[PDB]
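As a plain string of letters, each chain reads:
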Amino acid sequence: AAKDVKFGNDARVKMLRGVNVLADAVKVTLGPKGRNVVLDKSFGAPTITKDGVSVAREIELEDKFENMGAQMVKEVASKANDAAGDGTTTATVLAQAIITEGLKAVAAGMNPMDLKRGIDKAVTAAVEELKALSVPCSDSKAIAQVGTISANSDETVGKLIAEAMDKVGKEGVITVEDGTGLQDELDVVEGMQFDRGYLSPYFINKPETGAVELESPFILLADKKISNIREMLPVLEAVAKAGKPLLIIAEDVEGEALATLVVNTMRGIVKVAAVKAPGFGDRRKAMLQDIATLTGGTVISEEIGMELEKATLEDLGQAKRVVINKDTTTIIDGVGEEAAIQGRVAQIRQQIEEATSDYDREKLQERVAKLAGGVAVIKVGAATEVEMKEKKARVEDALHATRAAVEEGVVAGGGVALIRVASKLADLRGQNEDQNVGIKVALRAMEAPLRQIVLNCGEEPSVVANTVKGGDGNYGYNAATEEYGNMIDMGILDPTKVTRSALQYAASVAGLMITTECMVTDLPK
Amino acid sequence: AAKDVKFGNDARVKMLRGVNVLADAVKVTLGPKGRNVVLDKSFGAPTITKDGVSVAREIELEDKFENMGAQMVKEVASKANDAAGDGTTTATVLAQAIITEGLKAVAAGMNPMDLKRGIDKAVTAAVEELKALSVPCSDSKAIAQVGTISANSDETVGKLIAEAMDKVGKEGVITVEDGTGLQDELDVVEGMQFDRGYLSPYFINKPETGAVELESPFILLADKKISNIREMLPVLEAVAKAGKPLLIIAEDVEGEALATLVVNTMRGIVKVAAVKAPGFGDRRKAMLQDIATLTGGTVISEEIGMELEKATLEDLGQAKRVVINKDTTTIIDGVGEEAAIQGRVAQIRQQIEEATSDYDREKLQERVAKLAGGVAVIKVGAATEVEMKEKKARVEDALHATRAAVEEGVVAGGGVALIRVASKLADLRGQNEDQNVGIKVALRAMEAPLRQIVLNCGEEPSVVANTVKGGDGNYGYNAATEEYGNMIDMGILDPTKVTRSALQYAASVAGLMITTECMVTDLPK
Amino acid sequence: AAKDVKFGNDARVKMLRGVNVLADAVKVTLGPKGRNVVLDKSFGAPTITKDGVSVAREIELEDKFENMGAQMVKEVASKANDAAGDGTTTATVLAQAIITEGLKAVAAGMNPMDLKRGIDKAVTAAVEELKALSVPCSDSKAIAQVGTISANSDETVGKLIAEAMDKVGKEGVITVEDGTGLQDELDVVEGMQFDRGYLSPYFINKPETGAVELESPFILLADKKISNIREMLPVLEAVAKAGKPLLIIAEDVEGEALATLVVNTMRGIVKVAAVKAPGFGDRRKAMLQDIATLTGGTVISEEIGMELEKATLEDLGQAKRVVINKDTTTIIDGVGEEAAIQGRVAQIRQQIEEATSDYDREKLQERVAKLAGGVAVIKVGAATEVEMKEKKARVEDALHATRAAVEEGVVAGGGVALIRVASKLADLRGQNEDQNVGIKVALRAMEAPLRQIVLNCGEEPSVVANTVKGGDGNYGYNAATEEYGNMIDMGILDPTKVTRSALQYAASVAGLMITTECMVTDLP
Amino acid sequence: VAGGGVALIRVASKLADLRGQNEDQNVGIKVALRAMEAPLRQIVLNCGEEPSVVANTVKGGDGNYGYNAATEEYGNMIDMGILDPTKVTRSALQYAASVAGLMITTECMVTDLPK
Ligand SMILES: [Mg+2]
Ligand SMILES: [Mg+2]
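Chains as they are written, first to last, in the numbering used here: chain E, 1 to 525; chain W, 1001 to 1525; chain C, 2001 to 2524; chain V, 3001 to 3115.
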């Protein structure tokens, strides 16, 4: 189709305008005195939310160029929330700040490529300063504290998370489910988690978490690329009886197969979800068997001459629950017999002895850690279904935060960490003046979050920011109480992972837009 | 009347657009391969010129704001031509360059006041480097050389100027008049010059020199402020009868008096020109008498009770010619008797002996030096009236240039001097980053003249400019021959006073416009 | 007032469009098969003419920029007609050709200044080739022939001019007046001519010749610059009585004085014309006296303390007629007494003996040559007033042509001389490629006249032009008879001065316009 | 051959005396030789340096001497590791000239209406 092409400043201003609509819409929710955004549905009453992720999802602009701008920031900003479970809004606010001053510089005559390098250098330096400022989170006392803070000052949640990590470890897999009653429950069952997400966002049945949940599903394990639905009919019909969901773990699912599964599942004829098999090559084949042994199913390998048409319900494995998001898939409580699993774990441990390479042993040690490690299940209890679902949400959110805290620690929240690091990089310089400007652009951008939070509170941002710079360490401004002091002590903090991710992703998109000279899109026609 | 008010960038862009029209029209004539500008003169066929001063005079824009911009640069740029007799076009090109980059910086967020200070610092430093680069012009050989170059390689003119300065000295008064025949003539006649210009630019009858020339005029000497024309009627009627011009030397001429003289003179009923009396206070009264004794007139002092109504032709003094520009007044060949002048000279010499103060003696020494000094007159000869007028013009122009060369010397022309000084100020810095930008704005602007000259020649400016910076001293590019070398030796040079004035004035207006936040003018109605 | 400014190509295209209107309108009359142009008159029926000068004078465009273009070409093209009495149309066609291809080159990326230099070099070379191709015109037989050809093959006119030049010389002053009867007459009266034209084109009363004629006028001689009309009143009133015209010969006439004279004369209040005094400085003073002695008037010198208010009719000189054009002024039959004139001639001859310098002698010899030389007067006779005026016109035109022929000779006409010279400069080159283009632009432009003439005839220009180049010398195409041969022999020729001036002026303006980057004019 | 668009500007510099059968063909030659500077000039432009200056300096050298846009240093391009298969540069130029030659010699175009 005929395209509309724009260049230089004309394109960059369009891109910026789009990012402003996105940022200006999400940044109203930032801080403890954040405002509400009303999202229309028409299929009912409008939604009122302070969740910047919810707002961002809805943002799409009519102007094709402006839209491209907003969609580029959204994409990258969302990755921050996927990594640490928070920071999408922060990343968006940072991106806006970097792009705004960045383009101003480009217009002044600065070299875009140098500006980018200046920014990137300021960021790498900022991340290093974040590590220095970071406070560890190791002992269970700390884990409980971070969990409590992340749970809106609920000591219960903090305790639950602490106990859960004490069973499966810090690197262990932890899941959250609905409670059976008032009492909370914690059990460790046979399960596994691998880094593979849904193959289509249309499988999502829990839009709130943006994940796919399957109750008592069958699991198909095929070591082939499924492209046609013809070979699936016999298995789909067998799953259509007994009325249970189906998880397809194959080398890949594409073409007609994927499409048909996407449609049929949305029509509600058969609940199905598909994900790629973990790893690649020989390792993929081996891990598919790990899943098989764990779920008590048999792998349908065309390599040995098996067909998918000859696949019976007996060939399918099964578990109690499956949780699939954009990046990970979690199998909970496999039907695999303890004898069979322990048997394969011992088999792999034998392979660790015969291992010649260190690499080979580390990869095997990873597979045994999954199979033997299991999965922790937290059943959140309450009086009332409403209270139960609500608490469950806080537990899931607090869990993600705590995990991130155990990885890289915690730093002052309220956007203090960023303005602190920025203040320590005043003497940072580059190879030329253009890069120097890029550095200053980034350092001034790191004040955006704090200033926005203060603004929402109705206080003078410049004054607060100026005072916070005066102090050192995790000294900052508690926007909630309007008191200065140690942010960590006051309980206002963020996982170092969150702040880091937000900044790095923000700078990623910002750097790309600053170095854009041409945009191509379709015509309004 | 109702006013139209603009602020900030809105105002500055309007101002800039106006300066561009001015600059872009004048800078096409810059250099030896300068282009022609066609100026329409409805009364007759159009004028074709390469004189940037002629072009500038005609520039007036429809948009009131844009016009204000062009008129501000015109006013200040003309002052460079009034001081050194050249550099108006160079100043205009510089002004454009400083304003353009200056406003770009302001839009970037730079502090206007700091930009100005940065610019001014770069200029003061540039002027000092210009002094260092300057080559003196003292000996008559050099004076003849500079005069020849300024006369378009006419050795005759160089000689004439050299001889004239050898009679009256380097600080001597030299005038140029029409020749009586083929032979050139040099004589010293009774005359004086004082630092007072026309009271209205509407007295100008010689627009190219931008001066007022009166042939065999009467001179009125009144020690009072003339505000009404009623008191002038009897004198104006007496002057209307001898069919001769009138120059009025009074304390001041304002109000109706000035207006009536402006109109009546433009109508051509009676040629009249007015200037203030030289000096102030008691000294003014004394110098008015010097003029009286010299012109053979009587001064009409209201202090003793004399009135302007009883002023007869006998009270008025007279000379052969009077030349008046924006700054100076020159009376040539007064009718005063030798006995009367020598009488007052001896009288003042008596006051030098009674002088108690050094200051008082120096002021008296100045008035005797004028009365006794006289004026040197160069009569330019030729074979034709056309050739005579033409040569006379080159002599007048070469005279101004040579005088300026004797004051501050000469530097490389073709805009080399500017790019040379700029290259020596790379390490110049200010108090903050904003000032640093201001410095770089000015240094980059100093390349405008050269680059423009090269552009008119059809060569790559960036390459030539780059090569010129590579050299040192008065090494540059001769745009005429396309050869590099010593500019002074090749005969391409400019009085150090010209280049200096052009830059300082250019920076003056540029600095004012950069620090403008509001503009007020009338409505299009 | 606010101005409208244009730059670069935007300005040059406007300028070109204006030149095309001018050129396209005038070039239709070029050649023996030239077309008519109808010029509208506010009062009366329209004028039908083949005179490109008449057409040019009427051309003025509504677009201010386009107009500037047309007026620039007009101004310079007219100078060619002032110099040789012909070639304004030719200059206009050349200008068009040079500008058209010139701008095309500029747009191609060629350097305007180099293009100009290339053109100028081609012209200087072309002028030299014109001199070489030129055929002298010295003997009376030749003078009569050139005069006859310029008079539309009238042997009578050729003879008249020949006789006239035989009396006063080749550098003599010759005038033409109305005849008193059928017989032509030729007499030499005391008169003088100096190189000073009218100070305002509004003094023109004979628009055909573009000159000013005054019958039995008074002559005011003042050695001062007249700027006010106050000092003229007493003299103007005295001239208003006796109802005769007034010629003002002063150092200069400007400001109110000039304006008032311009208006009063166009209102018919009193017929007045003003010109500057000849020469400058001391020489000017001396020549004013020559005119005084010749016209029998007195010079009003303010230097000795004379005033213009005390000027009587007795102080004014008088002649039988005065002819003033843009460049020259001619005083015919002064009332000065023979004793007074012969007296001053002898006085000047005495100054020649006391002359130390050669320059001084030459200048004195020039003044005596005017006073003693006199002026030849040709009274054109005919049977009817209509035939008399008609013949008089042909005599005046043929006279100018013959004069120009005696100065620089004659070359082939019909635009052959230009195309001939062009063909001999094929190997001419410049300092760079841009200059080379400039040269070719000029050489190709020199074919414009011939091609236009052939076009008006309805023949293929490229074919004729191609054939003419094939020959040599004054071999060309007679557009009238459609036969090739020696142009001079066939009687188709132009004064070398005409063709030269036309080309040089054409290239002058063309060069200026090609090197124009800005234009300034008033708003609509 | 040297990369960074040096090879093209180098070859072009060695063909200054190349002439054709008439002036028009001579212009065509100059058009091509000036066009071979496009790649380098563009690369330099993207780097934020003066193309005319760099191009001018590269012509000054000989062989595979050029400008390393990355490091801003001049020298042997092959040694510095900036190069392109001779087949690439050749193909790029020949195909570029192919279409360019066809469009220059186009007098008519036929296409459907906006409907
Ligand atoms: Mg979260
Ligand atoms: Mg004629």
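Hints may contain errors.
Just some of the chain W residues that point at chain C, by a computed CB distance under 8 angstroms [what the hints assert, rightly or not]: (1) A1025; (2) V1028; (3) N1036.
Not close to chain C: a few residues of chain W, all C-beta gaps over 10 angstroms, as computed [unchecked claim]: (4) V1335; (5) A1339; (6) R1361; (7) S1508.
Quick partial rundown of chain C residues pointing at chain W, CB under 7 angstroms, derived from the structure [as the list claims (entries may be wrong)]: (8) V2005; (9) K2121; (10) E2171; (11) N2228; (12) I2304; (13) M2306; (14) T2521; (15) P2524.
Source of the hints: derived by calculation from the structure; they are not laboratory data. By construction, the Cβ of each residue, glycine as well, lies at the ideal position given by its N, Cα and C atoms.
Against the structure, the hints come out as follows:
1. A1025: holds (5 angstroms)
2. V1028: holds (4 angstroms)
3. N1036: Constraint on W:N1036 satisfied, holds at 5 angstroms.
4. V1335: At roughly 14 angstroms from the nearest Cβ of chain C, W:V1335 sits farther out than 10 angstroms, so the non-interface label holds.
5. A1339: holds (23 angstroms)
6. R1361: Non-interface label on W:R1361 holds, nearest chain C Cβ at 43 angstroms vs cutoff 10 angstroms.
7. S1508: holds (25 angstroms)
8. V2005: Since the shortest Cβ distance to chain W is 6 angstroms, the answer is holds.
9. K2121: violated (16 angstroms)
10. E2171: Cβ of C:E2171 sits 19 angstroms from chain W, so the hint is violated.
11. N2228: Since chain W brings a Cβ to about 5 angstroms from C:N2228, closer than 7 angstroms, the hint holds.
12. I2304: violated (13 angstroms)
13. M2306: Violated - the Cβ of C:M2306 stays beyond 7 angstroms from chain W, reaching only about 12 angstroms at its closest.
14. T2521: OK, holds: C:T2521 within 7 angstroms of chain W, min 4 angstroms.
15. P2524: Hint on C:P2524: violated, closest Cβ of chain W at ~11 angstroms, above 7 angstroms.
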